[PDB]
Amino acid sequence: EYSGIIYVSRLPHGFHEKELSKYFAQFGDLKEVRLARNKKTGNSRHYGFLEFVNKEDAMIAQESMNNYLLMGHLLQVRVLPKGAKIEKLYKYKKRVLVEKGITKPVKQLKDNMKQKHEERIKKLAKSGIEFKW
Amino acid sequence: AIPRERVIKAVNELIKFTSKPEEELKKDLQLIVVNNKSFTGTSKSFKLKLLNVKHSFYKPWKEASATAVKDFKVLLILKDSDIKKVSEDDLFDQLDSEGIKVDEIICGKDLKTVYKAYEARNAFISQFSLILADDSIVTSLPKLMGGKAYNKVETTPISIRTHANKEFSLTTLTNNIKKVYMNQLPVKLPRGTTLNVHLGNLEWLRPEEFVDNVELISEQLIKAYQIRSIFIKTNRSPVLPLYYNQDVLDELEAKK
Amino acid sequence: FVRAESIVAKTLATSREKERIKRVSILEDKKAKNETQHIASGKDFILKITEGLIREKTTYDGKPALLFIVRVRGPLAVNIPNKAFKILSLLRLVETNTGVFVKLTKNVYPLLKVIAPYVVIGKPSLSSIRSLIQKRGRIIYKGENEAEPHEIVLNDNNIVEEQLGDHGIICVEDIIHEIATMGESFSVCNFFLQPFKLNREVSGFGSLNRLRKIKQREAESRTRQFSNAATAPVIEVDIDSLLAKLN
Amino acid sequence: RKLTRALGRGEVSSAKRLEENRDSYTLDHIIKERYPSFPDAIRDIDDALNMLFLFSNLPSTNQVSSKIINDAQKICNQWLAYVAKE
Amino acid sequence: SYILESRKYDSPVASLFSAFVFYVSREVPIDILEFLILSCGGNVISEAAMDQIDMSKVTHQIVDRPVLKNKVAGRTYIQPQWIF
Amino acid sequence: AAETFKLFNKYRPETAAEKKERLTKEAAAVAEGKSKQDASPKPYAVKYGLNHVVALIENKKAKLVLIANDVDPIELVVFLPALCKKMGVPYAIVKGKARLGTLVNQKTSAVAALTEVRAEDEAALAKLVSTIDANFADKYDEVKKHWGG
RNA sequence: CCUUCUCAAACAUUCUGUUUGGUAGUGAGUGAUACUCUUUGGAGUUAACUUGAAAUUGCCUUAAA
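Residue numbers (PDB author numbering), protein chains in the order written: chain A, 88 to 220; chain B, 31 to 51, 71 to 305; chain C, 55 to 105, 127 to 322; chain D, 88 to 173; chain E, 261 to 267, 351 to 396, 403 to 433; chain F, 87 to 235.
These are computed hints drawn from the structure, not numbers from a lab. Among these hints, one or two may not hold up.
Stated by the list, open to error - The list that follows gives simulated cross-link-like pairs (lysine-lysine, DSS-like), each with its CA atoms no further than 25 Å apart:
| # | chain 1 | residue 1 | chain 2 | residue 2 |
| --- | --- | --- | --- | --- |
| 1 | B | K39 | A | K213 |
| 2 | B | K39 | A | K180 |
| 3 | A | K187 | B | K304 |
| 4 | B | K133 | A | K194 |
| 5 | B | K150 | A | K219 |
| 6 | B | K201 | A | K126 |
| 7 | C | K158 | C | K210 |
| 8 | F | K122 | B | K133 |
| 9 | F | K128 | D | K89 |
| 10 | B | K161 | F | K128 |
| 11 | B | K133 | A | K197 |
| 12 | C | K97 | A | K109 |
| 13 | B | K93 | A | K180 |
| 14 | B | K96 | C | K97 |
| 15 | A | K109 | C | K72 |
| 16 | B | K133 | B | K161 |
| 17 | F | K106 | F | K96 |
| 18 | C | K132 | B | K133 |
| 19 | C | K76 | A | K105 |
All chains, full assembly: derive it from the sequences and hints.
What follows is the structure, given as structure tokens:
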């Protein structure tokens, strides 16, 4: 026998936990929802999970909406075994970038450039692709 | 200037490096990279700067693709009004005179209607080599056509200054497309320091002509972006310093 | 039950709106702070769309004047975003098909540009405003009796005396001068008027008027252009002709 | 009835076609019977003008079809202009 | 508007004030005085009329505000309530 | 169904008005300029007649099929689902034939067929038939099954 | 069950040359080339290649009823 956890996928854009919450509150006061975004420049990777309260609530939602169509994706939703433990996907944003540098001085990094210039020339020389200078 | 004989021995040495030990077509094409101080941060751009050249490699590319399979070819996208105004007959009068040919002209409605179905969108465009767009539409495109076009440097769209203000004429294009075919090359601005250019092939026009074209771009660009250094590779090779600029390295902590 | 299709279109259109309006917001911030290197066009622009229709282009080059402006519904998926909702609620345009006058300037020319898709825009005529203010106009009175928070019709220039005699104003055609001629700072009127609550153009839902509703919506699709482009022209129409319908 | 059929179906083009394809009514025989014609008509104009000039100052709203109102306005000022110039 | 085109009088009330020209204020109610001056031949000019587009024009002037300011020294003025 | 009709009403047919209008146009163009019946484009719309539709089947050309349930001599159409099953063709039963009368300009038709569609809707159709295949191949595959026990 | 930033200037006229600016992407992965930073934390930039929009886990109110 299955669990109240449900796995939905094949989602469109513009369909976020805001939408899932106000929609599936029609079916039940939810235990929990989670959505799949990318972690970097966070946008939807088009799937998610939920538990409403009950196994029966999950069953009827899946039965109702298994092959449901929308704007021109269609969702596929499935009922899961006992447990099966949504465990991850802290909701990730598009992060603010921060600049930790340049601490090391112009003189030292220029000497780094001077020595690794020659390092580059010798590694291409030993590849072997000879190069003067 | 850079030693042209360093360029010449570079091309012959990578010729032997490539001669003996899809895949070879990936390997053999030349890339030239520039490091600079910094590009524009916190401003994500997709524009292209059309750097003038004296000799185009697109005629070698077209002569190569007549035999080859990727079918080097062009696409055009335009405002809604001009499709009834323009046709292929005019450019077939004009551009075969020089010996080039435009494949197709498209409208934005066509673009959003039939080259939706993202698989089919990609599949429609992927055969095309050179993508060209309206000076008005260029900002609106990526909501429509998407970043799979923009990731590949060949497939990244380019404007053209079309509207002779006012009462746009075709002749304004039938010279301008000749200019950008024979005499200009578009180049991208990323974030950061690093910038690649898919410069060309070695089966195409000679290293002697490529050397002066490389001299032209370098003399244009040493002032453009305060650039740091220049290297070359062909699609795997670790970087060869051919221009090593350190007078600009002194200013980096001067900026802060 | 709430029809997820409706939900996602709602959210998507608000996404479009939130996008373009944050664009124009920090744009107009950049115009005002005048770092004006990276802008397509540093100047404003104007489209007087009139009569299969004719289209005429200019700039403001202000030279300010008056305008008359009305809430129309639309478009059709847009839950209220905060950063417009506050400014329009100041402007008293809610409970749609409400019409108010304004005087243009440079602080406020962006405000019309944000509220633009939600609203119809154009300049009125002397006959039009005459017919409007003579046939309509509604005012609260408070004083000396009768607390009575009732919107009460204009009958009385003694009310104009006792409420606007500080401005030296009686004889409501003087208000018409204040509006028409952009008179002495005009905010007495613009705070006072309780501006016009207009009539639904075609009520209906009989069959014959369903047709007319659809014609109305088609004409609106023809005549409205939501370019959303953040350099776009401001739209202007024949409100003189249109209030012949709506008044 | 035909229009509602066209709207519960579609073919709104033919609906518009059907709207254009009717003949609204006239009342000339009604007039010519009820007042024969001229001196009795001008005897009984007064109650018309009262309602007319009332409605032309009456404002537009629901239950009006304000086409009627601007029609009343123009026919009113036609009367005013004639009788003024005379 | 609604100009008439062709193709003894009301004795005396027609053509009273013949060859009169009244510069009428905007403050006064026009929509009835204009019917009468059209009845009895006279021209009107309102000041709002010219907003969009030597002893010539000022023959008569219509103002019925109780108080008026700033009155100037060049006022060859009557008030129109006599005419009313 | 709602999606289906959002689709189909785009590919609604030609009415008489548009036909005579088209005819007057191509009468204008046939004489002086051109016609190979190219003065007008290829039209693309529903194929709706029963005999013609079922003739198109076994050629076979129909991308999708719509079958009314409520036809009174039901023997007209009882064979059809088997037929499109056996030929492997995208059929589905609909609720009410008057709908089809809407979309091809009749009181009713009892069958609607698609064989040709412009390119923009190809994947839309593709997902559509995928949906109904996901409604028939798994849960109304059992239309003969479910004897009680 | 919405439907997309469709163009502006400078000049001199070119029956258009030059310059300026103007986009923040469907996601998923595939393998794998180079440059910055600072400490490994890889943060940001770098060849092209698949996928039916695919997919299971990276602290306002008349647009009513």
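Results for each hint:
no., hint, in the structure
1, B:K39 - A:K213, "holds (16 Å)"
2, B:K39 - A:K180, "violated (50 Å)"
3, A:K187 - B:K304, "holds (15 Å)"
4, B:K133 - A:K194, "violated (63 Å)"
5, B:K150 - A:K219, "violated (45 Å)"
6, B:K201 - A:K126, "holds (23 Å)"
7, C:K158 - C:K210, "violated (35 Å)"
8, F:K122 - B:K133, "holds (21 Å)"
9, F:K128 - D:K89, "violated (32 Å)"
10, B:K161 - F:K128, "holds (22 Å)"
11, B:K133 - A:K197, "violated (60 Å)"
12, C:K97 - A:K109, "violated (43 Å)"
13, B:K93 - A:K180, "holds (18 Å)"
14, B:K96 - C:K97, "holds (22 Å)"
15, A:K109 - C:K72, "holds (20 Å)"
16, B:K133 - B:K161, "holds (19 Å)"
17, F:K106 - F:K96, "holds (20 Å)"
18, C:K132 - B:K133, "holds (23 Å)"
19, C:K76 - A:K105, "holds (21 Å)"
Going through the hint list in order, the structure does not satisfy hints 2, 4, 5, 7, 9, 11 and 12.
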